[PDB]
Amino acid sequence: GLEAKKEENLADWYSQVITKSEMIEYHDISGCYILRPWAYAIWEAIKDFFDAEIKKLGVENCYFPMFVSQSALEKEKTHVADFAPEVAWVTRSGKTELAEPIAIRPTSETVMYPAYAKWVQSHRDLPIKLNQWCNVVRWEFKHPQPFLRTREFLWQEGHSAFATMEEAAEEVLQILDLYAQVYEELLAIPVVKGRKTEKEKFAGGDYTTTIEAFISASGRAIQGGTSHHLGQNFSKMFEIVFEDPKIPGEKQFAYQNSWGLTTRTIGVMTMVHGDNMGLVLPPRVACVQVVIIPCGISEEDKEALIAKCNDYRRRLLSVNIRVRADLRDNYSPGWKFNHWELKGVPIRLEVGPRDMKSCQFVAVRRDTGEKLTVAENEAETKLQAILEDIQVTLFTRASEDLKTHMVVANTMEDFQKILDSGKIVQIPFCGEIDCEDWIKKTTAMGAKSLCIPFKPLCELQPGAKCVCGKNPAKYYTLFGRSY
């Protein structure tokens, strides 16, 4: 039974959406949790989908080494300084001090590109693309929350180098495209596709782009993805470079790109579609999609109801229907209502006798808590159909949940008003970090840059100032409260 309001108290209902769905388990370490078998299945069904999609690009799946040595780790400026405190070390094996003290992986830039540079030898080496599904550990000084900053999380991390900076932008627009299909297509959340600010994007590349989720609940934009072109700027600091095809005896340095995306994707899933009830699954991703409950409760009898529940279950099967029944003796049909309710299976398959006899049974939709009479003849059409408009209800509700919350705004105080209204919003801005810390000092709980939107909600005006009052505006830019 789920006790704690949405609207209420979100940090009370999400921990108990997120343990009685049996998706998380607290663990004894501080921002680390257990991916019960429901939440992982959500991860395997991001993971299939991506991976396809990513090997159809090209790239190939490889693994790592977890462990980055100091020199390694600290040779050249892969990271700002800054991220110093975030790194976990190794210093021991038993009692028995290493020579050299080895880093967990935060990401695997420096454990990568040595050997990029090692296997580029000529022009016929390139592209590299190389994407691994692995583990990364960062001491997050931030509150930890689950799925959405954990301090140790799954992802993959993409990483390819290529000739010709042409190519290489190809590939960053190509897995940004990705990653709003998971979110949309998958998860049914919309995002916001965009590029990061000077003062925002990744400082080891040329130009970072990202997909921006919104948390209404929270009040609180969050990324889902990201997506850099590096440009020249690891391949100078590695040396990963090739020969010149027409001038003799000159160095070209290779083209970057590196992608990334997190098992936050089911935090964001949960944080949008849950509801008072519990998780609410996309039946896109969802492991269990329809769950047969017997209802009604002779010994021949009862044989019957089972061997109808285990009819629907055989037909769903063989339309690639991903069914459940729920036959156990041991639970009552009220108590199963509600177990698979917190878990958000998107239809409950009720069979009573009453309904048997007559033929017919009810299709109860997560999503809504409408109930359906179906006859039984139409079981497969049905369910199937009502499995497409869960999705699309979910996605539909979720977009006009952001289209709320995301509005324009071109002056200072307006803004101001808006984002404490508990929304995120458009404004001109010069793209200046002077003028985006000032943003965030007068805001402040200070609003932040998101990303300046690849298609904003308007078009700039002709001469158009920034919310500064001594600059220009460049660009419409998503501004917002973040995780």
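The term rigid core refers to the most C-alpha atoms you can superpose between the two forms while keeping them within 1.5 Å. Residue numbers count along the first chain shown, from 1. What changes on going to the form deposited in another entry:
The comparison between these two forms, aligned on the rigid core, picks out a single residue among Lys371, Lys357, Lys251, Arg124 whose CA moves by 2 Å or more, and that residue is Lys251.
Superposition on the rigid core between these two forms places the CA atom of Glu76 2 Å or more away from its counterpart. In the core-superposed comparison between these two forms, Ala169 has its Cα shifted by less than 2 Å.
After superposing the rigid core, the Cα of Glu303 is displaced by less than 2 Å between these two forms.
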Given for the second form:
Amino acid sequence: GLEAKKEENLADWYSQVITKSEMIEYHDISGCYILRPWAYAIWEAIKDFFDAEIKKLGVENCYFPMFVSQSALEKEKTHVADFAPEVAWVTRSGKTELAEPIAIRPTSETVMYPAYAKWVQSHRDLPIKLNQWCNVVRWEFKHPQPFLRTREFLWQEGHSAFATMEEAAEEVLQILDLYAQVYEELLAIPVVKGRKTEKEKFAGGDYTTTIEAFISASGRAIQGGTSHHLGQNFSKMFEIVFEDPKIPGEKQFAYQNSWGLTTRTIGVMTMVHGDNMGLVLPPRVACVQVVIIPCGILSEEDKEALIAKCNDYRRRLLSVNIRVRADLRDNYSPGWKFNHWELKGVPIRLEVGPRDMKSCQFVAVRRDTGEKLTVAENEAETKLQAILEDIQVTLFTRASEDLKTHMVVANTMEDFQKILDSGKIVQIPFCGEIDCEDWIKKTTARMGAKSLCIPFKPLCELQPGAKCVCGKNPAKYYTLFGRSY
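Provide the structure of the form deposited in another entry, given the form deposited in one PDB entry shown above.
Since only the chain itself is given, any partners or molecules it might have are not part of what comes next.
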């Protein structure tokens, strides 16, 4: 059972949920954590959904080397300047120092695009759509947290190159909607689409799209995923050129995109849905949606009938494609199994006792609400299918309910401060300049609010002639601000 409470010390509560659900194990290297099968099954459920959707878009899977030459890093100066401090360098082979150190990729733009230049020669060679599921190392000296901010993490990174900028722009918005589907349709988490500001965008690119989720217990928001439009900045310095289809001899730089989604999705799932009895797995991503546990255990003949009914319930649920597992381990107490699968977040626990079986009834226990329903054997697969749909809805409904009440609009730095101190997120009219974004972070700390995203669909239309909260420059858009990981 858990120790620390979520409302109290959230940090120790988050560490207790990921360990006692058997998702995360620690490692003697700070910032690096172990993905145990219970956590890895969720990332595979996200992988199979995202891989199937991007393959429809013509995206193909591959794998590129993990070592970056120092010659390829300095190709894009702006891109290498923002990633320079968090690039882990290999400097020794065994015990002697390498004559030339090599870098571990925080991102493989400079690994793939040198090859993109060799492959792109004509218009027929476009569009290239490559993606890889791999690990990357970003050595941030901030104090890490599992899933939320790790120094090594798994992700997918797609790198697409187009002949025109129209198709490159429409793929960014489609990958962003796929990222939003993962959070809203699989993890039951509401997100806010938006564009990153000139300060919080991918250096070396054109613009950055992102999805931001809100964690009610901490009052902070977090970037769930990013889809970037690179334009021609990388193709200019990597010489990714192709011949014109109609005009002979004429050449044009390719328009490129890059999009990534990391294992942070799992930690956001726990921070939003996890309570004080452990984890809560959304039914769409729960590898075990229903668990059958026999209880009430005298006679050895009725015991053989109690185990047969549990098998009968498993076969009745597997027929309607419900992921059900029967925990029939005699070496464990039935009360032990209840608290075990509860910490792991199984949506429904199916209790079958000898008295309940003789009464043609079973007990379904909902993980999200804790409610107890004595369902009949005939209405098993129907109600259990109906309860599975209800848990996914309730998790999204109440998480979006906290989003609807903690995302308010303010127009003055006085309201901006008091609202932020109550653990909420604010939409403000913003000028967009970087030096004003620096002023907002320094002033709100006296910690410090950061820009989260410029919502595509803000809560209110920006009033004509309205100035930013700086008062010096006019406001260009409503921008979402708040404290973030």
